[PDB]
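> So you can see what is in the structure, the chains are spelled out below.
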Amino acid sequence: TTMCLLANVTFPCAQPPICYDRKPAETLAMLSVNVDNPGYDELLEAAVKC
Amino acid sequence: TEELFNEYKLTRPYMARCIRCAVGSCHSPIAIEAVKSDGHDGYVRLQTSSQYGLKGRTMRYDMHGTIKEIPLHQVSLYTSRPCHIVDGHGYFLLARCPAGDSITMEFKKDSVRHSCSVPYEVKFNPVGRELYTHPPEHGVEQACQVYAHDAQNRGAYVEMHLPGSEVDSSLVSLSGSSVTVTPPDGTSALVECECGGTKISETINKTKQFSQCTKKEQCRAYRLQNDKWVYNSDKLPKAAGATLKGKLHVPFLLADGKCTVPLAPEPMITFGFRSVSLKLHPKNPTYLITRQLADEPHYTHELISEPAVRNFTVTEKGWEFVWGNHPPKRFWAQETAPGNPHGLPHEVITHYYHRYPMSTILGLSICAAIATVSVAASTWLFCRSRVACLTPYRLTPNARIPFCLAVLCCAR
Amino acid sequence: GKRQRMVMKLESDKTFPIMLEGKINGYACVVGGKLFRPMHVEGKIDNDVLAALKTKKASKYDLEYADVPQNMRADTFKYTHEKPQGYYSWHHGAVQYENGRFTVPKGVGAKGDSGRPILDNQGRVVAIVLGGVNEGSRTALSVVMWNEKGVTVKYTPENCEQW
Amino acid sequence: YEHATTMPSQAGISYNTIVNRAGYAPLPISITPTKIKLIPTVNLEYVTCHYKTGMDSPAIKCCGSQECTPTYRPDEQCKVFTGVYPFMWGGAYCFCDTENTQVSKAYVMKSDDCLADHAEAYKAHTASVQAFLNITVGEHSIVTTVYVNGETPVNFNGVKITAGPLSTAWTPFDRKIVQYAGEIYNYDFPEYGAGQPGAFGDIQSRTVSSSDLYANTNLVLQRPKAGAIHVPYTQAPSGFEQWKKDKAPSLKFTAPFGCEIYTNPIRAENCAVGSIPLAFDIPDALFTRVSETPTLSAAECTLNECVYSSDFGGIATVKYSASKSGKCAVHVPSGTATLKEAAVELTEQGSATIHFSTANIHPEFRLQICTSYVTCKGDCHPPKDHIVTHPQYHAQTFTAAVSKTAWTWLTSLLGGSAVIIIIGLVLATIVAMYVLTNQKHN
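Residue numbers (the authors' numbering), protein chains in the order written: chain L, 4 to 53; chain N, 2 to 55, 62 to 419; chain K, 113 to 275; chain O, 1 to 442.
Hints in this document: simulated from the structure, not taken from any laboratory.
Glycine is no exception: its CB is placed at the ideal position from the N, C-alpha and C atoms.
Be aware that one or more of the hints could be misleading.
Unchecked claim - Far from chain O, some chain N residues (derived; all Cβ distances over 12 Å):
1. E4
2. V119
3. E144
4. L181
5. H288
6. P292
7. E327
8. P352
9. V380
Said to hold, decoys possible - List time: in silico PhoX-like cross-link candidates among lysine-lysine, alpha-carbon distance up to 20 Å:
10. N:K75 to L:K52
11. O:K440 to K:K266
12. K:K172 to O:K440
13. O:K440 to K:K261
14. O:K247 to N:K130
15. N:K254 to O:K52
16. N:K254 to L:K26
17. N:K336 to O:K35
18. K:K135 to K:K223
19. K:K135 to K:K121
20. N:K336 to N:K324
21. K:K223 to K:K156
22. N:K206 to O:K61
23. N:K235 to L:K52
24. L:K26 to N:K235
25. O:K384 to N:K324
26. K:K156 to K:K135
27. O:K340 to O:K377
28. O:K61 to N:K324
29. O:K244 to N:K130
30. N:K130 to O:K52
31. O:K61 to O:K225
32. O:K252 to N:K336
33. L:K26 to N:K252
34. N:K254 to N:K235
35. O:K123 to O:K37
36. N:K75 to N:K130
37. K:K121 to K:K190
38. L:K26 to N:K10
39. N:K223 to N:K206
40. N:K62 to L:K52
Could you build all of it, start to finish, from the sequences and the hints given here?
This is the structure in structure tokens:
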């Protein structure tokens with residue numbers, strides 16, 4: 004399993020709090036720090052669709 | 002298939018600088034970033050500024072800030088002869104092209120022709136030991152590596168960043184005697200002017216009149232983009248802050264496939280004594296790889312393109328040729344020397360000379376030397392014994408020779 | 113006394129010396145139509161007829177021989193093979209023939225008297241002096257002679273010195 | 001029973017031999033090697049591919065002065081350019097005339113196509129030859145995979161076989177190996193760190209899925225053109241592409257002894273060099289007493305056909321008079337001929353036709369039929385085909401192709417000279433004794 008971030012709160016990278024089609028400007032900030040992260044691919048796949 | 006298309010749904014297209022854009026140089030919406038051509042049968046994978054597939064077969068390009076689209080069958084490109092677009096996904100187009108020095112992607116929206124030529128070599132890479140320019144109608148199938156037509160998640164990623172502040176001369180304007188900055192619809196901008204003191208201001212959808220700075224050139228009007236990405240390109244200014252914000256995987260990577268390779272005409276093989284001759288009639292140019300099956304291989308490698316005749320030497324230890332995409336044919340020599348080994352002594356010498364060339368010369372030389380020394384020494388001893396017989400009988404003053412020693416020693 | 117006079121009367125015309133820059137080193141022999149002359153004696157023949165010929169060689173028997181022409185074959189020495197033991201005539205006096213060996217008393221013998229034939233009481237050549245070796249008081253000779261069969265036998269004692 | 005033999009290392013050609021325990025019937029052994037491998041110990045060092053110059057976006061400041069920041073990327077070049085006046089599509093980017101500043105940044109990273117198109121630099125030592133044998137010990141067959149070291153026997157039905165060590169430690173692989181695109185190249189690559197630009201090794205990487213890559217690609221940043229935004233660079237073209245253009249042919253085309261260089265384990269197959277000794281430990285339950293087998297008397301051999309050919313160019317007939325009807329083994333213990341048959345079924349009375357292959361022009365070999373020994377003697381004739389497509393089924397000898405005419409012309413001219421010189425010596429001795437004998441009287 005992999006825990007992604009948006010603040011100092013860990014969540015599983017398959018269940019994001021936000022989506023691109025809901026809030027577009029903040030998903031890029033969500034994908035900012037999560038590049039050096041083994042679950043960037045799962046985070047992007049979960050941010051693809053709701 | 003939205004699961005792998007929505008990632009490029011969150012980027013943008015952009016405009017960038019081209020060199021040859023059908024009159025001089027300009028900012029072209031179809032600026033080519035890279036052309037990677039390592040697939041075999043002529044498949045190239047461009048990376049442009051405009052995006053693709055965003062709707063079935065269309066291309067999506069920026070045009071002075073605003074985003075347009077055309078169907079993909081009005082986009083054409085060519086290296087030396089025309090190419091054929093297969094598909095596209097995001098920034099990446101897949102094409103099929105002959106070899107050339109450059110690529111010119113072009114379309115025509117209005118009666119205004121867009122182009123971009125970049126000097127990137129496209130090369131055509133054949134499969135196998137037989138060098139063709141267009142793949143044959145038939146042959147055999149070998150392992151080749153071409154760019155995969157699909158768009159699946161694989162190991163490769165390219166990084167998309169925030170866009171920079173794009174400047175806009177059109178955005179600045181004039182009142183009766185003033186300078187007015189009118190942002191587009193629902194759009195923030197930042198304005199920087201240097202006519203009086205120093206001004207850095209930002210608007211959010213507010214047509215603001217400035218009282219000072221009574222020239223257009225005193226003010227630079229930028230534009231703000233916040234929900235979109237652009238590629239990490241050298242043709243775009245970068246935004247403040249070191250955030251890269253993310254990366255996307257590329258379509259059309261290289262994979263393992265099967266390609267039909269041509270098959271050469273079969274040679275006409277004629278044999279000789281410790282020799283094999285080859286009459287070779289290639290259609291297109293064709294490598295010939297030969298080697299011996301002994302401790303010293305003495306291999307030979309030659310790209311043959313015209314009709315040729317290649318006389319080789321085959322010993323009793325083996326020989327092997329590869330002609331084209333054919334398998335290796337092995338040949339072995341056996342003992343057929345010119346001559347009869349069973350008599351007529353000018354024939355056995357030539358038989359054992361064509362069989363063993365060095366040993367025959369050496370053996371006949373040493374046997375002739377031994378026979379010569381023996382005959383010369385025996386004749387020397389015969390003359391010595393004849394002198395030793397006739398020396399006492401000639402010193403006598405009577406000068407006679409007896410009966411036995413006269414004829415047996417030729418004394419007279 | 114008279115023996116040396118008989119040797120000088122018999123060997124007057126038939127004996128020719130060998131000259132080498134004025135030095136007499138040897139003597140040839142004209143017998144049987146043949147010209148005997150040794151190897152180690154080198155020089156020119158004093159006779160004009162015998163010098164302009166070609167002598168066949170025999171290094172083992174130590175003899176050069178040639179063919180005397182027919183106009184001189186009557187004026188040669190005589191030769192025989194029948195010899196008893198006892199005394200014989202030599203140029204310096206007498207020579208003893210004992211056990212098939214020629215012996216000369218001492219006092220005489222130097223370098224130069226090589227090729228002198230040994231005569232008998234009748235006037236026939238029985239041997240040709242080639243070398244000599246000093247044996248106690250009485251020296252021995254290394255010579256050549258003939259036999260009844262017709263084989264030239266060369267007799268040579270131990271450690272001889274060529275003259 | 002302990003039995004040791006010596007098979008030449010060459011696949012395809014059969015090998016026959018028989019065990020002769022004294023009071024028992026001879027047992028035929030026929031072993032045909034199917035495949036002979038040679039697997040070296042192979043240690044990966046680094047992989048290489050095409051590079052991909054990553055160009056960072058130009059940071060531009062109007063009437064200021066940028067500063068260079070290090071990022072410790074591979075072969076990372078950084079330079080800052082002043083006095084530039086950039087243009088976008090919508091007008092000028094600055095308002096100043098001078099004092100504008102722009103950072104160009106470039107670095108070298110691996111290509112996107114590395115997982116499919118790359119080469120691997122290895123190292124070779126300590127090969128282990130491994131063989132596939134098809135063994136027939138007493139009319140019973142099995143396919144057997146055996147290791148040729150001084151241990152590791154195989155066991156079937158009580159029979160124990162230990163392939164002895166190869167006579168030669170030769171390998172077609174040198175110290176350093178490059179595997180690319182299924183083929184194997186005998187290249188001398190630089191070490192991990194000694195990669196020079198323009199040649200093989202300018203990009204290095206410990207594994208394909210590694211993270212730390214060496215790059216020495218001679219990257220130099222140039223000045224951007226007046227009035228434009230780009231990062232210009234100038235570096236050496238790729239070492240991997242240049243290696244691909246300047247390849248020698250692979251090791252499956254240039255290796256001696258007919259090796260076949262295969263890919264997926266790095267190995268060479270069916271490479272005919274050296275000889276493989278064998279050893280047997282046969283149980284006594286597979287043998288048979290002599291009296292239960294055909295024992296024969298009064299056998300004679302005549303040669304019908306005799307051609308010194310690479311294949312079985314000889315036909316010989318053995319006329320026998322045995323005691324019972326059955327099979328027995330046939331074998332030539334010498335190296336003159338090689339039998340095809342190795343088992344001839346006999347009646348109580350008749351003739352047996354066997355097939356051999358020889359290289360002697362005048363063969364004379366001692367054939368073993370069931371427990372006896374006959375002598376086959378004939379004359380062979382040359383073949384007419386100059387080139388064949390199969391290897392040589394026998395073993396050559398010195399003085400093998402010498403004819404009885406050639407022996408006559410050797411002997412009558414080489415010993416006849418000795419006869420002439422010794423009769424010259426006897427003649428000289430008789431002449432010396434005769435001449436010294438006539439001298440004795442004086």
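> Is the claim that N:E327 lies outside the interface with chain O correct, judged by CB distances over 12 Å?
7 Å, violated
> K:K135 and K:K223 were given as a pair; does the straight-line alpha-carbon distance stay at or below 20 Å?
Measuring from Cα to Cα gives roughly 11 Å; hence the hint holds.
> Would you mind confirming whether the straight-line C-alpha gap from N:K336 to O:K35 stays at or under 20 Å?
19 Å, holds
> Given the hinted pair O:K440 and K:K261, is their alpha-carbon gap at most 20 Å?
12 Å, holds
> Please work out if N:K130 and O:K52 have their alpha carbons no farther apart than 20 Å.
18 Å, holds
> For the pair we were handed, N:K206 and O:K61, check the Cα-Cα distance against 20 Å.
15 Å, holds
> For the pair supplied as a hint, N:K75 and N:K130, is the alpha-carbon distance within the 20 Å limit?
Judged against 20 Å, a Cα distance of about 32 Å means the pair is violated.
> Is N:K254 within 20 Å of O:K52, Cα to Cα?
At roughly 16 Å apart (the allowed maximum being 20 Å), O:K52 and N:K254 satisfy the hint.
> Is the nearest Cβ of chain O still more than 12 Å from the Cβ of N:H288?
Since the minimum Cβ distance to chain O is about 21 Å, N:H288 lies beyond 12 Å and the statement holds.
> Just double-check N:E4 for me: nearest Cβ-Cβ distance to chain O has to come out over 12 Å.
21 Å, holds
> O:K340 and O:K377: Cα distance at most 20 Å?
Measuring from Cα to Cα gives roughly 18 Å; hence the hint holds.
> For N:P352, is the shortest CB-to-CB distance to chain O above 12 Å, so the non-interface label stands?
Nearest chain O Cβ is 6 Å from N:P352, so the label is violated.
When the structure is compared with the earlier hints, violations turn up for hints 7, 8, 9, 10, 19, 28, 36 and for no others.
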